[PDB]
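Residue-level listing of the chains:
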Amino acid sequence: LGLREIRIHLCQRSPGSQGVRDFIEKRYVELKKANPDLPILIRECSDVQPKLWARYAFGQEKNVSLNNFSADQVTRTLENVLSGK
Amino acid sequence: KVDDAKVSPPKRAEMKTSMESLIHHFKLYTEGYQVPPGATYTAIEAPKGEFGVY
Amino acid sequence: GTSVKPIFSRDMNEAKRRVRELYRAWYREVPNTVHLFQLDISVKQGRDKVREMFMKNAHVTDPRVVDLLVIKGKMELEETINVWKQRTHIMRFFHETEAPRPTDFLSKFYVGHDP
Amino acid sequence: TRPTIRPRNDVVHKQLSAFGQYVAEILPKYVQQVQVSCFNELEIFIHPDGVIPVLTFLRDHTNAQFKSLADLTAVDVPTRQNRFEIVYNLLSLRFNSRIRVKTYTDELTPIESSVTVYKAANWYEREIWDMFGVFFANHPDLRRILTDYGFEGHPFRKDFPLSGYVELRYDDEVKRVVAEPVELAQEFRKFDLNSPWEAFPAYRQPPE
Amino acid sequence: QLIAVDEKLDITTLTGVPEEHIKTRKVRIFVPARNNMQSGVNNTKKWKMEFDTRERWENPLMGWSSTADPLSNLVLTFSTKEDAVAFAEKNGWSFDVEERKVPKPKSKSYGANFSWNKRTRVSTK
Amino acid sequence: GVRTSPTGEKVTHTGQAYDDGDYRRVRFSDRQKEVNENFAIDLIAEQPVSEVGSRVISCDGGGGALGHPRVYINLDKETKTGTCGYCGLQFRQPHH
Amino acid sequence: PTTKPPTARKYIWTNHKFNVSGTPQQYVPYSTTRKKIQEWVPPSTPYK
Amino acid sequence: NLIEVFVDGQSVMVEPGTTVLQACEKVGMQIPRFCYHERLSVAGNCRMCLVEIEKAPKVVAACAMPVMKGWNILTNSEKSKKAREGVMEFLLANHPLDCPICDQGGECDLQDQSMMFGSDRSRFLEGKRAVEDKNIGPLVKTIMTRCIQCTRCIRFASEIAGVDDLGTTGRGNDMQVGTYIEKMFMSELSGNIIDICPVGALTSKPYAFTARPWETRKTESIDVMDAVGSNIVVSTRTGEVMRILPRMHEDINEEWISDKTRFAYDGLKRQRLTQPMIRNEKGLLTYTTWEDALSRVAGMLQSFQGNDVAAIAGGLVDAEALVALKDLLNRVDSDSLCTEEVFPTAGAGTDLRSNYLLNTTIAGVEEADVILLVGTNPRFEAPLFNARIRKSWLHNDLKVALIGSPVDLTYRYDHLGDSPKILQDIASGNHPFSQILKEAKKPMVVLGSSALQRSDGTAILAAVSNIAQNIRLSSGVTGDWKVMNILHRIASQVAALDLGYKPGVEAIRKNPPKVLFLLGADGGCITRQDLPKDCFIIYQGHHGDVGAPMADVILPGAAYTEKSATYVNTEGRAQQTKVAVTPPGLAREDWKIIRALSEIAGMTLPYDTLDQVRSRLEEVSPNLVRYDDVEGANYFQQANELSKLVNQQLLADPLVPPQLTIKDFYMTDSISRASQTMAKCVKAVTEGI
Ligand code: SF4
Ligand code: SF4
Ligand code: FES
Ligand SMILES: [Mg+2]
Ligand SMILES: [Zn+2]
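Protein chains in written order, with PDB author numbering: chain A2, 14 to 98; chain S2, 363 to 416; chain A6, 40 to 154; chain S3, 43 to 250; chain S4, 51 to 175; chain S6, 28 to 123; chain AM, 98 to 145; chain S1, 30 to 718.
The set of hints was computed from the structure by calculation and includes no laboratory data. Treat the hints loosely; a few may be bogus.
Derived DEER-like restraints, expressed as beta-carbon distance ranges [said to hold, decoys possible]:
# : chain 1 : residue 1 : chain 2 : residue 2 : range
1 : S1      : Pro578    : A2      : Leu51     : 16 to 26 Å
2 : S6      : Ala72     : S1      : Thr239    : 53 to 63 Å
3 : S1      : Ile210    : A6      : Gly151    : 26 to 36 Å
4 : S6      : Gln74     : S2      : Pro409    : 53 to 63 Å
5 : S2      : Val415    : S3      : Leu69     : 46 to 56 Å
6 : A2      : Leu51     : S1      : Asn676    : 19 to 29 Å
7 : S4      : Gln51     : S3      : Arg185    : 46 to 56 Å
We put the beta carbon where it would ideally sit given N, CA and C, even for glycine.
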C-alpha cells in the first residue's frame with residue numbers, strides 16, 4: 014500500500030530489454046519529474062530477464078518480469094505499481 | 363664434494379670472504395638447488411637387498 | 040569418455056542389488072560384533088548406525104561410485120569379522136567423545152568465525 | 043675432461059633405443075609412446091588395458107626376460123584428466139637391463155591386476171590402492187596395507203592434506219583411544235621457495 | 051559392452067573429506083600475481099587452486115600460531131583453468147575463478163628520451 | 028641489567044613480562060622464570076669505539092673464519108660512528 | 098683443563114649447574130614476544 | 030605491417046620498433062635485466078641484457094635495440110652467457126656481503142640472476158667499495174653500499190612522481206645515487222622505489238628485519254584507503270599482517286600503490302575494538318558478551334520504529350554490511366539511512382549510476398585529449414588517478430586544466446581562477462577554454478566529490494553538467510566517449526550509492542533519530558549535540574576513534590584484511606577483498622553481526638551465508654556482483670535534463686580542496702589516524718629533517 018522505492022534492472026545489450034531501454038530513453042525524465050521524492054534505482058543485468066522491484070513499507074518487495082516488454086507496456090506496468098491496482 | 367657452488371655449499375671461508383659464495387650459500391640453504399624435470403629409478407645393493415628410489 | 044569402463048554391475052539395478060547384499064551382510068554381523076568386541080552398545084544401536092552409514096550415501100547416482108562404495112564396505116566388514124579392528128575403531132564409528140557441534144547461525148556466530 | 047659433469051653412454055643409449063623400437067614394432071596395439079632419457083633409462087607409455095599382455099611379453103619373451111618386478115607405484119597429477127599414473131619398473135637379469143612401463147587411470151577406472159605375471163604385484167597393488175584409491179580388478183586380496191584400520195581417504199593424493207583430518211588420543215572417560223578432528227598446537231608453515239627466474243632454458247614450454 | 055553415465059562426475063563420497071570441509075569451502079582458482087619485489091615472471095605460468103583462510107590463534111604455551119583447518123596449506127597446481135575447474139567440480143568444493151592478467155604490450159623507444167619537441171625528453175641519465 | 032616489573036617478574040632482554048591480570052603467570056609458581064642476566068645491548072654499549080685513519084674499514088668480527096662475513100664500513104660522516112651491523116662494532120675516523 | 102685452561106669470557110658462568118629438572122629451579126617455557134594487538138582504552142570521563 | 034624476426038630460429042611477427050627483449054618476451058623468453066623496467070624509460074646501463082645476433086660480431090643491449098627484418102636472436106648462446114657472467118661478476122665484485130642482514134634476502138634479483146646466469150666463484154682479490162648511507166625520510170631506509178647504480182629510482186622519481194630530487198653525483202666508481210643534500214624524498218608514491226629497487230639498497234623501514242619472503246603467505250585482496258580500489262597483496266605470517274605489496278592491474282593500479290595504502294597496515298594493530306562493550310550505572314564503557322549487547326540493541330530496536338531510526342555509513346564499509354543494515358532498518362519501516370558524504374540529490378540524484386560514476390575509466394584517461402579538473406586535488410584524493418593523468422600528460426601532451434586552488438600537482442597545468450564563476454563562464458562560452466574544449470577531440474570533465482560537500486554542490490554539479498552538454502552539442506554526438514565524470518574519495522561511497530543510501534546526513538539533521546547506528550562512522554558529521562537527549566547509539570566498527578567514544582553500545586567488527594568484502598571504486602568497478610587474517614578477540618564480520626542482531630530482534634534476515642548475502646546484493650544491484658566488469662550505460666541526457674529544472678546560485682567562495690598538503694594526505698581516515706608510521710610521516714613533513 015505504501016510504496017517506498019522502485020528499481021528497474023535492464024540488460025544493456027540483450028534485445029529483451031529494447032522496450033525497457035526505450036522507457037528510460039524518452040519516458041524516465043517525465044516519470045521522475047512526476048515523482049521527485051521517489052527513489053527509482055536503475056541498474057543493469059548480465060543474462061537474467063529485466064526486472065521491476067517495488068519495495069513497500071516494512072521491507073515488503075515484489076518483482077515483475079519486464080522481458081520482451083515495449084515502451085507502452087513498461088509505462089503501464091509502472092503506472093500500475095504507482096497507482097496500487 | 364662436487365666443485366659446483368650452485369649444487370653443493372662452498373666452504374665457510376669462501377662464504378665469509380666471497381660475494382658469490384655467500385649468495386650461493388644463502389640460496390642453497392634457503393631455497394636449494396633446482397633439479398631438472400625428469401624421473402629416475404636408481405637402485406643399489408644395500409645390505410638387505412636391492413634398495414631403490416624412484 | 041562416453042563409453043566409460045564399468046567396474047561391474049553395469050547399470051544401477053545390479054548396483055542396488057549389491058548394495059542390498061552388503062546391507063544384509065552387515066545386518067547379520069552386528070550381534071557378532073557386539074558379542075566379540077564386548078561393546079556396551081545395544082544391537083539396535085549397531086543396526087541403526089549401519090543404517091545411517093548406508094543412508095549418508097543414498098544420493099549417489101553413479102554405478103561406478105556405488106560399486107566402489109560397496110567394495111569399501113565389504114573391506115570394512117571383513118576388517119570387523121576377522122577382529123582385525125579393536126573396540127577403538129568400532130567406537131570411532133560413534134564419535135562418542137565429541138562435544139555437540141552447534142548448527143544454528145546464532146550459536147555459530149557466538150562460538151567463533153566458523154561459517 | 044669435465045670433472046663435474048656426468049659422462050654420457052652412447053652405447054647404452056643406442057641399445058635402449060633399438061630395444062624400444064623393437065617392442066613398439068612387436069606390440070603396436072598398446073604401445074603409445076617410447077622414450078629414452080639422457081641418463082639411459084627406457085620408458086614405454088602404453089594403453090591401460092594392455093598391462094597384462096605387455097608385462098607378460100616383457101617377462102616371457104626370449105629377447106626380453108624381465109623376470110624381476112623391481113617396483114610398482116603411482117604418481118598423482120591432478121591437472122590431467124586421468125590423474126593417476128601407474129609405473130612398473132622391471133629388471134632383466136639375463137640381459138642386465140631395466141625397463142619402465144607407464145599407464146594411466148582415474149578414480150573410477152579399474153586397472154587389471156598383474157599378480158599373474160609377478161607375485162610382488164600383490165602387495166605393490168595393495169599399497170597403490172591404499173595410498174591413491176586405484177582399484178585393481180582381479181586382486182586375490184585387495185585391502186588397506188599401511189593406513190590405520192578404518193582410515194578414510196587415500197593419503198598420497200595431492201589433494202589430501204599433510205596432517206590429514208583426524209588425530210588420535212587416549213580419552214580417560216571412555217577408557218580407550220579416540221579419534222578427533224585434527225588440531226595442531228603449531229601450524230605447519232608453508233614456504234614459497236620457487237625463484238621467479240627460469241632455471242633451465244632446455245625445458246622451456248611454448249607460451250600458448 | 052561399455053556403459054554410459056550421462057551425469058556429472060562426483061567423487062566426494064570417495065575422497066573421504068569431512069562434510070564440513072566439502073560443503074563450507076570455497077577455493078580460489080587463479081594465476082598468482084607476480085611478486086612485485088622481483089622482475090621475474092616464471093612464477094606466473096601455472097594456475098593455482100587454494101582454499102579460503104580460516105582462524106589462527108595464539109598457543110597459550112610458547113605463543114605459537116595454532117590452527118584447526120586441515121586444508122590451510124593445501125595448494126594445487128593446474129596447467130589450465132579448465133583443468134582446475136574440472137578438478138574442483140568433481141571434488142565438490144565451491145570455486146571462484148579469476149582470469150589470468152597478462153601485461154599489455156608496450157611501445158618502448160630509447161630515442162624518445164631526446165625528443166626535440168615532446169615532453170618525453172629526460173632531464174637526467 | 029635485569030629489571031623487575033611492578034608484579035615482581037623479571038623482564039627479559041626483549042621486554043617480555045606478563046601483565047598483572049594475566050593468568051599465565053601461574054606457570055612460574057613454585058618454579059622459576061628462565062631469564063638470561065647478560066644483555067647484549069648493554070655489553071655492546073660497554074665496548075668502546077675504535078679509531079682508524081682511513082675512510083673505509085673492514086670488519087669480520089675477529090678470528091678470521093670464526094667471525095662473521097667481512098664487510099666494509101665507510102667512515103665519511105663525522106657526526107656519527109660507522110657501525111658494523113653483524114657484530115655491532117663502532118669505528119670512527121680521528122677528528123680534531 | 099689444568100694443562101690447557103680454556104679462554105675466559107665475561108659472560109661464561111662462574112658456577113656450573115647440573116640438571117635442575119624436578120626442582121623449583123627447573124626451566125619453564127614462555128613466550129618472549131610482546132602483545133601484537135593493542136586494545137582500545139575507553140575514556141574514563143562519561144559523555145553525558 | 031609486422032616484420033618477421035627469429036628467436037633461436039623460431040619465427041616471430043613483431044611490430045617495427047619492437048626491442049630484442051620484447052621479441053624474446055613475445056616468444057616466451059625473459060631476458061635477464063636490472064635497469065630495465067617496462068613502466069619506466071629505457072636506460073641500458075647495467076648491460077645485463079646483452080644478447081647475440083646470429084651474424085653480428087657484437088652483442089646488443091636487448092632492452093634498447095630495435096629489431097630489424099630477419100634478425101636471429103641467440104638468447105642462450107655462448108657469447109650471451111659469457112656476457113651475462115661478466116656483468117654479474119662485476120656487479121658482485123663490488124657488491125657487499127650483506128645477504129643475511131639484508132631485507133631483500135630471498136627475493137633479490139641480484140641473488141636470483143646470479144644463481145641462474147652468473148658464475149659461482151669470485152676472482153676479486155681486492156678490497157670492496159663502501160658508500161655513505163643517506164636519509165630520505167621515515168619510509169625508505171637506505172643502505173647505499175648495496176646500490177648497483179641502475180638508476181631505477183631516479184627514473185621512477187622524475188617520470189612517474191614528477192619529483193626530480195634524486196640523481197647521481199660524481200662520476201666513475203665513486204658515483205653515488207641520492208639527493209646530495211639532506212632532503213627527504215617525501216611523496217605519496219615513494220614506496221614504489223622500494224618495490225623496484227632490484228637490490229636491498231632501498232628497503233621498507235617499518236618492515237625492516239621483521240620477516241623473510243619465503244615465510245610470508247600472499248593473500249590477494251584490494252585497497253580501501255581511497256576510492257581508486259587498488260589491487261594489493263597482503264603478506265602475512267602466522268596470522269599477522271606483515272606487509273602490503275602492489276598487485277598488477279593495468280586498468281586500475283598499474284603496479285603502483287600510494288604510501289597510505291602501503292604503510293598504514295600498522296594502524297590495524299592499535300586502538301582496535303576486540304570485545305562488545307556497554308555502559309554500566311556510572312556511564313563508563315565496560316566489556317560484556319555478544320548476547321547482552323545484542324539483547325540491549327534488539328530491545329531498543331523493538332521499542333522504536335519509523336524515521337526515529339538512523340544509520341550513518343563511514344568510509345570503510347562493505348556492500349554486504351551496507352545491504353544488511355539497510356534491510357534491517359527497512360524491517361522496522363525506518364529509513365534514516367545515510368552516508369557521511371554529500372552528493373546532490375536534486376534531479377536524477379542517485380537514480381542513474383552514470384551520474385556519480387567516473388564515466389570514463391581510469392585507463393580511459395590515456396585516450397583523452399583535454400582534461401578539466403574542478404574542485405579537486407587528485408594528487409592526494411586519488412594518487413593513482415593523478416599518476417595516470419601524469420602518464421597521459423607525459424606521453425600524449427595532455428592539456429590538463431585545473432579550476433580553483435593552485436595545488437602542487439606533479440605536472441604543468443593551466444590554472445583557471447579559484448571560483449565557480451569561471452565554471453559558469455566556460456559553460457556560457459565567454460572563456461577561451463570553452464573554445465579549447467569545443468575544438469578538443471576527446472574532452473573530459475572531472476568534478477571532485479570534495480567540492481560537492483559545499484553548500485552549493487548541486488549548483489556546481491549543474492554547471493559542470495552544462496559544460497559537458499555544451500561540449501557534446503558542438504562536437505559530434507556519435508561515439509562511445511564519455512565526458513562528464515565524478516572523482517570519489519571514499520571507498521564505500523559508490524557501493525552505498527548503488528545500494529540506495531541517501532548521501533549526506535541531512536536526513537538525520539532534518540529528523541533527529543531516537544536510535545542511531547554508526548557503521549564505521551568516524552567522520553564526526555553527527556554528534557550528540559545534534560542528536561536529542563537520551564538518544565541510543567550503537568557503533569559497529571573496528572577502531573575506536575569518535576563513534577566508539579560517543580556511543581552507548583560498541584560492536585567490534587572486521588577490517589578489510591580480516592573480512593571477505595565487496596568494495597566499488599570511483600569508476601564503478603566492483604571488487605572483492607579476501608580474508609588475510611581473522612578479526613581479533615571477539616570481533617566478528619559486519620554482515621554476520623547485523624544478521625545476528627536481526628535474528629535476536631525477531632526480524633530475521635533471509636540470508637545466512639556469504640553466498641546468500643551476495644545474492645541479496647545481486648537482487649538490489651547486479652553490478653555489485655559483476656566484479657571485474659566496469660562498462661555501463663550512459664544516461665547523461667536524462668541527468669542533464671533533470672539537473673536543468675531546478676537551479677540555485679553558486680557561492681562567492683573559492684574552491685579549496687580539503688587536502689592541500691602531504692600531511693593532509695597522510696592523515697585521512699581511521700586506520701591512518703591509528704597508524705604510527707603515518708604519524709611519523711606527518712611529523713617529518715611538518716617539522717622537517
Ligand atoms: S641486495 Fe641482494 S645480493 Fe645484495 S646483500 Fe641484499 S640479498 Fe645480498
Ligand atoms: S638505489 Fe636501487 S633503484 Fe636506485 S639506482 Fe641503486 S639499485 Fe637502482
Ligand atoms: S636491462 Fe638492458 S642494459 Fe640493463
Ligand atoms: Mg628493494
Ligand atoms: Zn663486525
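Please test the hint of 19 to 29 Å on the beta carbon pair from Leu51 (chain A2) and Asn676 (chain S1). 21 Å, holds
For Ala72 (chain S6) and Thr239 (chain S1), compare the CB-CB distance with the range 53 to 63 Å and indicate the outcome. The hint (53 to 63 Å, Cβ to Cβ) is violated, given that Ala72 (chain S6) and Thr239 (chain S1) are roughly 24 Å apart.
For the hint 16 to 26 Å, verify it against the beta carbon of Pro578 (chain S1) and that of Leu51 (chain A2). Since the Cβ atoms of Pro578 (chain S1) and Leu51 (chain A2) sit about 38 Å apart, the hinted range of 16 to 26 Å is violated.
Cβ distance range 46 to 56 Å for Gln51 (chain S4) and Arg185 (chain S3), holds or violated: At 31 Å between Cβs, range violated.
Beta-carbon spacing of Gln74 (chain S6) to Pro409 (chain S2) - inside the hinted bounds 53 to 63 Å or not: Taking Cβ atoms as reference, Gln74 (chain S6) and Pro409 (chain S2) lie about 56 Å apart, which means the hint holds.
Would you say the C-beta atoms of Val415 (chain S2) and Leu69 (chain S3) sit inside 46 to 56 Å of each other? Since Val415 (chain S2) and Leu69 (chain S3) have Cβ atoms about 29 Å apart, the given range 46 to 56 Å is violated.
Can you let me know if the beta-carbon spacing of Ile210 (chain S1) and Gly151 (chain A6) is within 26 to 36 Å? 55 Å, violated
When each numbered hint is compared with the structure, violations occur for hints 1, 2, 3, 5, 7.
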